[PDB]
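Encoded as structure tokens, the following chain is the form deposited in one PDB entry, with no partner shown.
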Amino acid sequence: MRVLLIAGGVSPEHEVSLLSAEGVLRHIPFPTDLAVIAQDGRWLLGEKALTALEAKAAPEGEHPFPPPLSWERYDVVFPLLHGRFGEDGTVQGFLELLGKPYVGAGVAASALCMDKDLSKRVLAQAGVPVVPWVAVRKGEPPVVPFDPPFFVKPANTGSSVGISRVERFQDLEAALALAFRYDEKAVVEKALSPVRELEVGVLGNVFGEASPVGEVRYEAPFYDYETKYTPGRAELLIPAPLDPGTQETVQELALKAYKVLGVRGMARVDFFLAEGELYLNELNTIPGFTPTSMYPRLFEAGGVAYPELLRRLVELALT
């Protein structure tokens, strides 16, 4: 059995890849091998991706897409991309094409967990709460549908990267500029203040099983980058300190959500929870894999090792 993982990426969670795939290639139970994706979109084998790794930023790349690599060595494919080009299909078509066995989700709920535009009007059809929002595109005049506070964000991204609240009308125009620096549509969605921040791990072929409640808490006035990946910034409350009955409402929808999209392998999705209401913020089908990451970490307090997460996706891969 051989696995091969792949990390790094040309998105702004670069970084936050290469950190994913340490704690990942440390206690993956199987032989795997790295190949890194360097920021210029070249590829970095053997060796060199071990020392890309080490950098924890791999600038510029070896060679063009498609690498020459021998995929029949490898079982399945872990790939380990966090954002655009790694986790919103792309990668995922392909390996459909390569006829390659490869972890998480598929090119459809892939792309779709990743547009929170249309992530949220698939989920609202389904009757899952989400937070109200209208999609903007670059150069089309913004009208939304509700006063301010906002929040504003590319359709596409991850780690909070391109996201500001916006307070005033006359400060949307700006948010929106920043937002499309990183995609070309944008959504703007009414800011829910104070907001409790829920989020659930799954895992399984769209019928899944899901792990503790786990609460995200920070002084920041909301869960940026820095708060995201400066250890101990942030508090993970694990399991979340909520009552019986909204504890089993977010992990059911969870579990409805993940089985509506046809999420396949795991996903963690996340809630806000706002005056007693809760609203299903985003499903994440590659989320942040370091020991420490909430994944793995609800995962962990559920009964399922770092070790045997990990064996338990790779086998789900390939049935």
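Just so we're on the same page, rigid core means the largest C-alpha set that superposes within 1.5 Å between forms. Residue numbers count along the first chain shown, from 1. What changes on going to the form deposited in another entry:
In a core superposition between these two forms, the Cα of 179 is the only one among 210, 80, 76, 179 shifting by 2 Å or more.
Comparing the forms between these two forms on their rigid core, the Cα displacement of residue 157 reaches 2 Å or more. Once both forms are overlaid on the rigid core, the distance between the two CA positions of residue 97 between these two forms is under 2 angstroms. When the rigid core is held fixed, the Cα atom of residue 195 travels less than 2 angstroms between these two forms.
Could you present the same protein in the form deposited in another entry, rather than the form deposited in one PDB entry shown above?
FYI, this one's just the chain on its own, none of its partners or other molecules.
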């Protein structure tokens, strides 16, 4: 059994993708080779790929797509790419054409989960609670059924740019103009405040196993009398401090959504908890595999050791 690991990509998550690849290479219980997509879109194979990993960034590759890779040597391909040309179904489609089994969501599920508007429409149709929202396309006069405050953001799941929290309708046009520079479609989500962020891992094909629930907390940077500067931190609470009832609901909601969307290998499902109400925010078809990443840490706490997690992901690709 030989595995082909693909990491990097042209997206802003290039480096974090390499960091994940590092962790996967160090513990995957199968003979594995690495292939890297440089920030310029060209690929690096063999020793050049490993060298780039060691460098934490591959600005330039050697081979324009499609890479001269001996696909026949691999039983399963593990695409560890994030966002654009990563979780959007494009690489998944390429692998479908090559006839290669691969880890993670398929084409439809990947593309759908990457669209904040379309995946919510599907989830809402299936009875899964989501934050009230509306989709706006460039050129369309915005029609928002709810009052501010709300968040305006490009429709690409996980984006960290083009976001604006607006408190007045007179500020909507400016928020939309900003969001439209990143995606031709944006979504306007009713702002809930305060809220808690909860995340849960899922493992399996369509019908999965849920990990324990984790929570993300933010601690702002500050200047300490003796320690001087102390950096801000995103703290991971594992398991999340929740009453039994809420924990079970998020886990069930995550499993149901996963099932409806037909997700296949893994997923970290993010939720907003506010006023005692749960809302499924986003599904990440390709989570992090860094020793600091929520997904592997959650399953670890769920009795699934990292090496074992990677083993099961590879095996699931062959269904």
